[PDB]
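Asks: Take a look at the letters that make up each chain.
2 protein chains.
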Amino acid sequence: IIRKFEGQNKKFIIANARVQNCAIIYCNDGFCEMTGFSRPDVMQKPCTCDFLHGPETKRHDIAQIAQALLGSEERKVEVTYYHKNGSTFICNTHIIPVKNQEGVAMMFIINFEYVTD
Amino acid sequence: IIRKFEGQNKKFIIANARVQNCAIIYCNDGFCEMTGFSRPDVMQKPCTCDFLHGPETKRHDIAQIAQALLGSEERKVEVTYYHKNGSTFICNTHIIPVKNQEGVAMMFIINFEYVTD
Numbered sequence: 018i019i020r021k022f023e024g025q026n027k028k029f030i031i032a033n034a035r036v037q038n039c040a041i042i043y044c045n046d047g048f049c050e051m052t053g054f055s056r057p058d059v060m061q062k063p064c065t066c067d068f069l070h071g072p073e074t075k076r077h078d079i080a081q082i083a084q085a086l087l088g089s090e091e092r093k094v095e096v097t098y099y100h101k102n103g104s105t106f107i108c109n110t111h112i113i114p115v116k117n118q119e120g121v122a123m124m125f126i127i128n129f130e131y132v133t134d
Numbered sequence: 018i019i020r021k022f023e024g025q026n027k028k029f030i031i032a033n034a035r036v037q038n039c040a041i042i043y044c045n046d047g048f049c050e051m052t053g054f055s056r057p058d059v060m061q062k063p064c065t066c067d068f069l070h071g072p073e074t075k076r077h078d079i080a081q082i083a084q085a086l087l088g089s090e091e092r093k094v095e096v097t098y099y100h101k102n103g104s105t106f107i108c109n110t111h112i113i114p115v116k117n118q119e120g121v122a123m124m125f126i127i128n129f130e131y132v133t134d
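Going down the list, the sequences are from chains S and W.
In terms of full-length UniProt numbering, the first sequence is residues 18 to 134.
In terms of full-length UniProt numbering, the second sequence is residues 18 to 134.
Don't take each hint at face value.
If chains are identical, the list can't say which one is meant, so a pair holds when it fits in one copy or spans any two.
Stated by the list, open to error - Pairs of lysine-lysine, DSS-like flavour, derived with a Cα cap of 27 angstroms: (1) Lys27 <-> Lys116; (2) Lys62 <-> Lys75; (3) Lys75 <-> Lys21; (4) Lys101 <-> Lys75; (5) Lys62 <-> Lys116; (6) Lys93 <-> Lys62; (7) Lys21 <-> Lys93; (8) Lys62 <-> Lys101; (9) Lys116 <-> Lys21.
What the hints contain is simulated information worked out from the structure, not anything from laboratory work.
Next up, chain S with everything else stripped away, as it sits in the complex:
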């Protein structure tokens, strides 16, 4: 799926699911271009991407994203996020756990799909 995502100029990050802050260890050019955050501004931040949250970002939506991460579940959540420039965009945030054979999530791939209003 990292090949699918990178190959189609998807907008995604990869995070380390083993460390307590779910540190982003990779973000692709498409995620920086869409959100207006520079790669040095995204790297090592929590995988929840709280730097995308603003006033109109709904608490219920933030909680469903955080819950999927905590439960190591695949989930798709529609949410309002904010470009660096303070403009709103609707996003479908697709959390994909990457699990060992024992079923333990080692990484998350999170894909961000822009949704026109």
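Given chain S's structure and the hints, the job is docking chain W onto it.
Replies: Then chain W, alone, in the frame of chain S:
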């Protein structure tokens, strides 16, 4: 393929193909267990994994691995590597570039397959 690899307890790393030293940004438990190198000893090292090289590691084999990385090519190379404890193992090193739509490698996934002698 990161899902395939992690899900089957393959032994692999992911590297950032954008930075000059091809920095390892992820290594799985199976790669640490097989090679005897701790995760803190592998992280951020070059993706060539020179810490696996010893006397019986052939220069021609090291060069074919490095060439595939430099040319952003998928390649499989059989090579002699060294466990931390100084014992030899034969490895099939499988370099997989992860390219953007424009064809530019952004990451490498490198899988290490033990080969019995």
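Asks: Now look at each hint and say whether the structure bears it out.
Replies: Quick rundown of the hints versus the structure:
1. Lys27 <-> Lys116: both (22 angstroms within a copy, 12 angstroms between copies)
2. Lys62 <-> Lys75: within (20 angstroms within a copy, 41 angstroms between copies)
3. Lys75 <-> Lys21: neither (30 angstroms within a copy, 35 angstroms between copies)
4. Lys101 <-> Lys75: within (18 angstroms within a copy, 50 angstroms between copies)
5. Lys62 <-> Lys116: For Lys62 and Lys116, both the intra-copy (21 angstroms) and inter-copy (24 angstroms) Cα distances are at most 27 angstroms.
6. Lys93 <-> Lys62: Result: close within a single copy only, 21 angstroms intra versus 35 angstroms inter.
7. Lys21 <-> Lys93: both (17 angstroms within a copy, 21 angstroms between copies)
8. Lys62 <-> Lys101: within (15 angstroms within a copy, 33 angstroms between copies)
9. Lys116 <-> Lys21: both (18 angstroms within a copy, 9 angstroms between copies)
In the structure shown, a violation is registered for the earlier hint numbered 3 alone.
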